[PDB]
Amino acid sequence: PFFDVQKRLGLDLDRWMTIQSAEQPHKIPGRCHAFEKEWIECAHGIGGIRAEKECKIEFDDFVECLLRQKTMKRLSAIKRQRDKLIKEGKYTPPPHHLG
Amino acid sequence: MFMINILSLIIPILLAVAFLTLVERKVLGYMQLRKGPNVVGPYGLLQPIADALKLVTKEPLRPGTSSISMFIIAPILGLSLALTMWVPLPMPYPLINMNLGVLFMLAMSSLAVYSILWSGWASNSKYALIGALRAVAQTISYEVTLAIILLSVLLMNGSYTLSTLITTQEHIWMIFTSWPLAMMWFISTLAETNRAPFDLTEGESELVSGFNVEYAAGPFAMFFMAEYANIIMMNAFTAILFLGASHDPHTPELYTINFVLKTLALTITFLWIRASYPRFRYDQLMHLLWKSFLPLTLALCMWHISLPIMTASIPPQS
Amino acid sequence: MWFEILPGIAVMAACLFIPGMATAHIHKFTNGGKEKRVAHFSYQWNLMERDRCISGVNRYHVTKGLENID
Amino acid sequence: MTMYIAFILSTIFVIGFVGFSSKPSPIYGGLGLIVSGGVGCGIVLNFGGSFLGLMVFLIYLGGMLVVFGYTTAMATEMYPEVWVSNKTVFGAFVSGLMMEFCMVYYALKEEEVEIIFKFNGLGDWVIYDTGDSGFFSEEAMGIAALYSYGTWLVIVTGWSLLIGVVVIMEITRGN
Amino acid sequence: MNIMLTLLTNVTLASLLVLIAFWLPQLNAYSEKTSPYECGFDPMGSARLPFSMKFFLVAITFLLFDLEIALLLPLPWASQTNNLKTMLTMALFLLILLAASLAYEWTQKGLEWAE
Amino acid sequence: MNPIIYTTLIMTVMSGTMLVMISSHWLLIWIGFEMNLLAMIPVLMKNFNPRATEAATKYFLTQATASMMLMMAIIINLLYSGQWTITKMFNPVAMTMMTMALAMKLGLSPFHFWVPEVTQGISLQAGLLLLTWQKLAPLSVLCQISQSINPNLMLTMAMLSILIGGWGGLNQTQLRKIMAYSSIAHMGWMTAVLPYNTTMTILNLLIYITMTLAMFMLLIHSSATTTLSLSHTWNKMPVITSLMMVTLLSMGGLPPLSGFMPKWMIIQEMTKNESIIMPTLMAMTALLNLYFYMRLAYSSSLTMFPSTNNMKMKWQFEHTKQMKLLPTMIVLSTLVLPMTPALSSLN
Amino acid sequence: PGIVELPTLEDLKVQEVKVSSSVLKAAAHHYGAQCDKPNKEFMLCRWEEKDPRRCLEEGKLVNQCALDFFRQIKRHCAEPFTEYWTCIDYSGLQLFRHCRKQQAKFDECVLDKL
Amino acid sequence: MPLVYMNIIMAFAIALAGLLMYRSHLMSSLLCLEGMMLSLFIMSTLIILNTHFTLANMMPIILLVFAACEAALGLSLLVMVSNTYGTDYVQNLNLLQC
Amino acid sequence: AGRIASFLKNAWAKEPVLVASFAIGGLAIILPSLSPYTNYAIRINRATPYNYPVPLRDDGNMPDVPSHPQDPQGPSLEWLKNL
Ligand SMILES: CCCCCCCCCCCCCCCCCC(=O)OC[C@H](COP(=O)([O-])OCC[N+](C)(C)C)OC(=O)CCCCCCCCCCCCCCCCC
Ligand SMILES: CCCCCCCCCCCCCCCCCC(=O)OC[C@H](COP(=O)(O)OCCN)OC(=O)CCCCCCCCCCCCCCCCC
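Protein chains in written order, with the UniProt record's numbering: chain X, 2 to 100; chain G, 1 to 318; chain C, 92 to 161; chain Z, 1 to 175; chain U, 1 to 115; chain W, 1 to 347; chain B, 78 to 191; chain P, 1 to 98; chain H, 2 to 84.
Please keep in mind that the hints were generated in silico from the structure rather than gathered at the bench. Hints may be right or wrong, so weigh each one.
[What the hints assert, rightly or not] If the Cβ cut is set under 8 Å, some of the chain Z residues that face chain U in the computed set are:
(1) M55
(2) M78
(3) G91
(4) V94
(5) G123
(6) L161
[To be verified] Restricting the straight-line Cα-Cα distance to at most 25 Å, the calculated cross-link-like pairs of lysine to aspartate or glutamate (DMTMM-like) are:
(7) B:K151 x B:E185
(8) B:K114 x H:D65
(9) B:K90 x C:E158
[Claimed, not checked] Stretches of chain H that chain B covers, calculated by requiring three or more beta carbons in the stretch to come under 8 Å of a beta carbon on chain B:
(10) 26-40
(11) 54-64
A virtual CB, placed ideally from N, CA and C, is assigned to each residue, including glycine.
Work the whole structure out from these sequences, hints included.
See the structure below:
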């Protein structure tokens, strides 16, 4: 903050909730607890400028964890080719597809 | 077979509402030493049928200065909401076992005011307009106490699941723990449901017929059906909340006997009140709620939040 | 006198009687005599989905136990 | 169908928003907004947000917008400005029904809609997460933390609400 | 599956029930029949005027009051927390401030709304 | 309004701004902005004139819209990063989104259209609060998030702020509208240096604070709102018009007066950042502020405008106000240039 | 950027318990304490190894250690099991409170039989 | 990013336009303002529910209770305008001008 | 003293409502501190096992944790069923 009074007197006002890998009720996790914990500990005591590029791997992985863009695109391309192929009758889904 | 069960729920209630006009007419007359409908069929049993199909065969005159689309949507919302009020009820085993049924109960009940506001505006008459404006004004004042009462009452229950109320009252009626709230909840139900003394919404004597001052024949029954359907449901809601009943899993028949018998007793005391008290007034209507009801509800809510902690009697959330 | 209103309310008791009986018996009938196993939490739901898959007939309400294992 | 049911609820949400955003009669705008208010709750319900979904019904459908009807009953411009009254509102309503119809078709065909953000038009169901919540409803435990960890928010939210009532009577007192 | 199906059934039940209450009775309305009813006398042209402040004032107080009660729905699950003392203090705060807002509103006229 | 009620209303407004400057969580930042807004309107409503009602309505609509638009910047940043911490955010659209959202609160770009009109409607004391204290909260966020800003987008917003803010000032009779146009012009100077080095963005803030307290409380002491009304004050109290012309010259930025210290340091910084055309143009537009500054100074004390025979009563009586902190205000607002290297204390 | 290594379906063909939910719930208390050692080993692996594929060997062990728990009761009083889990199955929430007599009868054997 | 998120985001943007593109009833303007926050309230629930940010389930109510507070101010100003002017028109709400 | 008793009784003469609510709210806040069962309430609240008590890696010299969910070691709640 502009005036980090919280740090000075050490009373936690908001930071208990600023990130999802902190203490959570009944100790139940967020969707990306594993990833953001990795990114946080990567970018501690480093600085915003350095952590932008050095801890890039932990970031886009964590961003992909909660956005799930490329994973969804992966499934979309899988599904798109499926209907672009089975409609031509080139491959038939096995029984476990249909139960 | 989920469908047939649905008609098995909505159809009997509509026929129950029709017969509610007859019994109320007779019981209210009996207080007045009258007899009530007894000529149309044995003990007036066919009076609801006579009233129902006479009004249906009466033309639904639309007022000249009315938005027809606006005039028609309000009964649809009013009647459908009233019938939807029963879908989470813990009747033997609740139909829609919504884990937050009480919130679902309150949200739908609070959404009923849109029928009042829209009917008054669509009618487009000063008498109907101020009749509706005060009607909702009476309406919107009290459910804050409804919410506070439920929050205090449900606090010792465990959650908002309506089915859980049965296991909470497995030994004694829940009224004994919160009888100050029981009368608090009961009076507020009359204000929501708009019966005397809280009939200034309609005010047959002094507001002609309230928002139904013009509303005639065809869709007038919808407000009348929705109104009287809420009477059973609010009394049924009070019956489960405070006057709980034992429920044997191998015989849900028995608890239905207890639940049903209680909810006619709760409806009977509704019109019993109507046949004894003068009609209230708009200012007293607000003053009673905001000056002597809200403070008491707050304190009782404060009493009931801390009560489980000071007694180590918090209920399981399940 | 007031025995003439009892015919009115007795029918009333019958009207409110029906919805309780139906939803009780349909739940009993559909779910093989047992009541509808409610799932207010995800634990109870995935309990049922295990039962539906484990029944061998794709209905949860069909219960089948020690006769299976060997 | 139930494949893309949340696709539907999102769609009436947009057309409901286009309704009142087209500046129709304030009651009619309220009608269009509460329709969006009603359908939006289903979107949250489909995600398991029952408690959050039920609240908007309580304090936003049966809450804010009810007192909105009072001002509409208080304003009462000399003639209703319902959709037939003006032609720009029809144009606003008609227009707002085009581009969202355009981009859904754009998103339904190739799914590479790049309006401002890159967006996938895949089925709504995908982004859901698989995992049991045990016996504790995650929505309920989150809100109940209001009185466990949300101490600071409770004071500020309460204090502002107290200041909320002091201002309202002071501005409305008319000196 | 069943939830909106239950919602769907009621709405159709209501709409047909008014539909056979609208087309069946053979609507035969005239000009005087559709004329507004005003205690049997002539309407002078109205229902388009503001109504002072009291109805508005109570609505806003209700809205503000409804918002605070919205903050205290989660109490039944709040009692199931591990730290009751913080929860007991905090929930008491909302109620006493709810009292204080009522207390001020009472003292400075307020609920005795304008006439 | 009851003084105890008035004191509390100011107390929350101060705390709301204080809340913004002390919150590490984006939601709490929004909380401070809204509850500061929630108590700003009644202060503007203290006089309760139809002009004030128009002013307060205008102020609320723009501030509520900006604050509501601010939420998406938080939500979009949340959506793409899942971080409520107020730091360098991770979305160009979100970064763009909030920059105009905060700019509308400050009123730099065409967004500035509410700034003059609201000041005109509401009282002099309320205008003093609105143009001085209500500018700390939006600036606090920008200082913290300065590292994420698009340089082109913010520099532009600063440019039109000084550009239009100074340009329209030549055509204002009412002193309240003059002050607001000066405020918009001064808004650009701090905002321009904001992406480069935040230290002298603050330095401009306290200094710009000093004159506006100095000018407005001088104007309140004068009890004048128009140029002609200000002109008559030479007869009653010629001394006050003398100090006002010092501040008018100082706020214009002529050396060695205090108002030159910000602009000088601002030019120095962007000159270090290789931006040398940008400082030059703002300096050229700085004379635009000086013109109507001179026009007021010409009308106030440099010349001697005609008075009215009814001024004779004012001679007999005396002022009952206490103008707290006025003595030290103007002195700290006119001669502090020799103490310039003290800006490292802000760092 | 690599291979999501997945075990072949061969090691996944492990014997699975085929019993309705109420059967597990009825004997859950008499199952947890008496098969704890493999259960704790598997779930320790789940939280320590943090990867599903690492605990495959233990995953079939608990399932196997469930079966030899679900076999002797057949060679012993399986009859009190029948109505007990039947009565528990009748409950919508599988509440033990209603069906306590059959719980006592079930508990009476395993105090002496096993 | 999922198609639904467009629907709320576009809902806000068209709600934002209605708030800015005026007409003659600032009452209607307030509707776009509270609709504006409804999309904000709605969308915020999706991410928080989706990502299981349990403690973040906080803000949908917190954003609600504060956006609702602006209704108190906004509607109160409505009747104030509708008292010195009687109506809720916006073209006449230009007394400031100079 | 005399004024307090008179004022309280006199207030109870005109308004019996707010004095009743004030008394109830007055009680609602003090005895929560004075109650001896609040510590019991938090103890049973902590006693509810919503989550799985994940086993701890046994490496020797922690005698407090049992090696079996029947051993006397570890936390016990024999007060609870009596409570
Ligand atoms: C350790 C103990 C803890 C708990 C202790 C609690 C305190 C002791 C108990 C106090 C009484 C119970 C709580 C308060 C109840 C009254 C609230 C109130 O405002 O009363 C005065 C109020 C107002 O009385 P008033 O208006 O004459 O005076 C109020 C005070 N002044 C004048 C200052 C405003 O009474 C009413 O509102 C009258 C009833 C109105 C509704 C009409 C229908 C009544 C039907 C009655 C018969 C049916 C009853 C059904 C009951 C439920 C059945 C399921
Ligand atoms: C950087 C460039 C300059 C910037 C500043 C320029 C300011 C002036 C510019 C022109 C202003 C407009 C034209 C003139 C306006 C005059 C205003 C006015 O009120 O004039 C008349 C007035 C009459 O005087 P009066 O108020 O009665 O006070 C007399 C002294 N008691 O006169 C007054 O009120 C003036 C009173 C002045 C009092 C001066 C006191 C001096 C004390 C010196 C002490 C020295 C101690 C030395 C110690 C040495 C050892 C340590």
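Original post:
Hint by hint, which ones does the structure fall short of?
Top reply: 3, 4, 5 and 10
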